[PDB]
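As a starting point, one isolated chain is supplied in structure tokens, in the form deposited in one PDB entry.
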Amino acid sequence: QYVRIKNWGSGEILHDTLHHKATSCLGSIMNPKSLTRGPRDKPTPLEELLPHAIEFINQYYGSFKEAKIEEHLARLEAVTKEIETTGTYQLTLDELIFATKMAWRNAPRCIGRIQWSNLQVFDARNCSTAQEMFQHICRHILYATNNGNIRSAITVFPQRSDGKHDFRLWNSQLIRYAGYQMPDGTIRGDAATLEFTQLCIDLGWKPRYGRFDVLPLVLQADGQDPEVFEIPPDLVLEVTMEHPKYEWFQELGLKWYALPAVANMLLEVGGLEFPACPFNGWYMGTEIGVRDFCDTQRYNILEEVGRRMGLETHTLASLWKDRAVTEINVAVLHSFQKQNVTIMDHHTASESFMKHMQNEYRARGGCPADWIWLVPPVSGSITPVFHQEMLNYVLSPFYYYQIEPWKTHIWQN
């Protein structure tokens, strides 16, 4: 019938029926196969493609306020013919737009989903070369940034045909800092991008050997070898970190790019797969302040900010780590707000998601949600999301992870 869901903070109860439409214990696995859509060397079998296509065409037309039956049946016929005569089909622009938003709506790990219907779509399915890709990605970055007034957008490249002509971005994110394995045993920049920074070098990128060196776009088009392209500095907007009280904070010489843009995910819709569809929204403070700046595998600036504050950084029970991390978060929020760059704190983000969740249950009886990702990296139980029981399931359309390109790519020269 349905699965009962309870919120322990407010006591509210919800009835999840949406999970019945799911596709298919692995507790806290980061990249499980269930969330990964790998490569192919052959086209999608027709017996599989068609049911998926029809099911999507039904979902699309069944989403209008007032149904348009005539067009619905006609699209059903045309789609079938297209598959019969070409082996695959082309989505109409409206269907693609609808698909990108739904896939976002169905992202279990996204806290910003209340914004799902507000997405700019850049149709780059006609694209054919890396240079054209690069031009599209620049247009994206420029539009999305909007001089600090960040706008959510997505750029869709040509769908996978036989799997040997995949368009792919080798970058994890569009804008991302380089990480170098410095001489003195240390690490410079972003330690998370170590292996990738090297790959860029192995392809002719000039390592400016620093701290906040924006890495280059590594683009693969039509299954061909990846080409390195440096991002025009004018396009990369950054925020300089300043604390509203600790003047010594700017002495840390920290900053971060204002554009969070996922670049390596695959968009699945109606049997079709889009191995290249970079998308972005805006930042949530804790991502920068807590994960980027404080993870030990990242910038790891925690102890340092502790000392400058004069905390007993040698006694854990003093809760010094709790103290520093909050000041860093305050810095981030203050800096973005001052420099007129869109930012959202985790508390406001949570309430926003909660409101969204409630809208989703009223609108379609469910909201796929991954508690482990939806709960902020700090002040967990202080946010409403923590007390909300959730159901994690994979719907369609959906944004899947992909196997890293350098592991499967067959080189030409």
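Numbering follows the first chain given and starts at 1. Here, rigid core means the biggest group of C-alpha atoms that superpose within 1.5 Å across both forms. Only residues modelled in both forms are compared. First, how it differs from the form deposited in another entry.
Comparing the forms between the two forms on their rigid core, the Cα displacement of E12 reaches 2 Å or more. In sequence order, there is only one run of at least 3 consecutive residues whose Cα atoms each shift by 2 Å or more between the two forms, relative to the superposed core, and it is 1-24.
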The other form holds:
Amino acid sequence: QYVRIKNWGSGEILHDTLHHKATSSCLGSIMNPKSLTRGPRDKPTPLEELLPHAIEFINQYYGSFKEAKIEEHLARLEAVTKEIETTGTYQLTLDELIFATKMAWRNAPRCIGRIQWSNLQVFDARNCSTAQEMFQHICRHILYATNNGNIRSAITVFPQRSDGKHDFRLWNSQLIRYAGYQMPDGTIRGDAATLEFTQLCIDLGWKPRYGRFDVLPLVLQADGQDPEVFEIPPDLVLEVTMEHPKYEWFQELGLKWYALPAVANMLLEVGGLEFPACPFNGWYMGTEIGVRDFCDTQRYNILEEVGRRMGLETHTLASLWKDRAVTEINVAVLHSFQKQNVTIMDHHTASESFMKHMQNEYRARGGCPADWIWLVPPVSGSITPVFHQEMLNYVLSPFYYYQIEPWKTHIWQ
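Same protein, different condition: the form deposited in one PDB entry was shown, now please give the form deposited in another entry.
The next block holds one chain only.
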């Protein structure tokens, strides 16, 4: 009929008709494509499908170590199929999970930091059973990963999807994230990008502090039950206050940001099995905060303000005052993280390391999936090596999929 097109800036929509008159239509510039999303279930995974996938993964796993172990491999293959026809699903051995979590990461086409893929702490919470236990595991994760500034990459894997109506899910987009409130005077305080979720939290019994940087609460759902609201212990949320190395009025903007970048709502697919709850984290890249979180119009939007305090021709696009401001903001962020001894990386050194990663990856296993639109930084694109690098974007497995917003598809006793 017609393809829907969204402008994530003004949130406006457009309906494309013309594409029909095409000749021989790329979905690359699409943020959330269905090919990347892995939705719900109602019944277990049809044995005919699971079995093959499961075998494939076990061959990948065993076909991983130098000088394999054929006996164990056969036995394992044997043991798994056996366990499958006896229960339907199956259980991965800790080592397979670890292998799975790293490989899935390794296969994340949108991750600039995959050079670290082998360095990953894996917390086994597959035995978790209640929301309080989830909350406890998450806190442990947040504490371990934060490590007082010296950030450590980590993932915590909760129970796998069984039937499809007993899914463990984190409703938050990320572990730490500020709240956004619609104020009475018509203005929006905090992170406008979370106005909805903040409200959902308000709705579930959360007390709004009406501030610019109130860390939203964890909204966990275990087994299949409704989500319970858990506030995050302030002692666990490390933050960096922003200050510019030259302009002393920067800190006057009273800005800050959390140090832990952790994705909360993705699904880990492996060997036919799927874990809809597996929060993981790495560390920040300056431009994420300096450019996206601070300069996006749909976000904190401090560009106009920084330009004025800089004495720039804020009313003349051609003056390139925006390019000037954004740069100082980016340096304030980097500066601030470095000063407070909190791990972070600039987009430049990041691009170089990815290029190195990619080089290794092609040698090692001839290939490395990569989404160019996502790997090129939001600023200074061609100044970066990855911009001049052609790359293929394909979905391997194990893989980390996006999934449907839990509040769209969910019961509610």
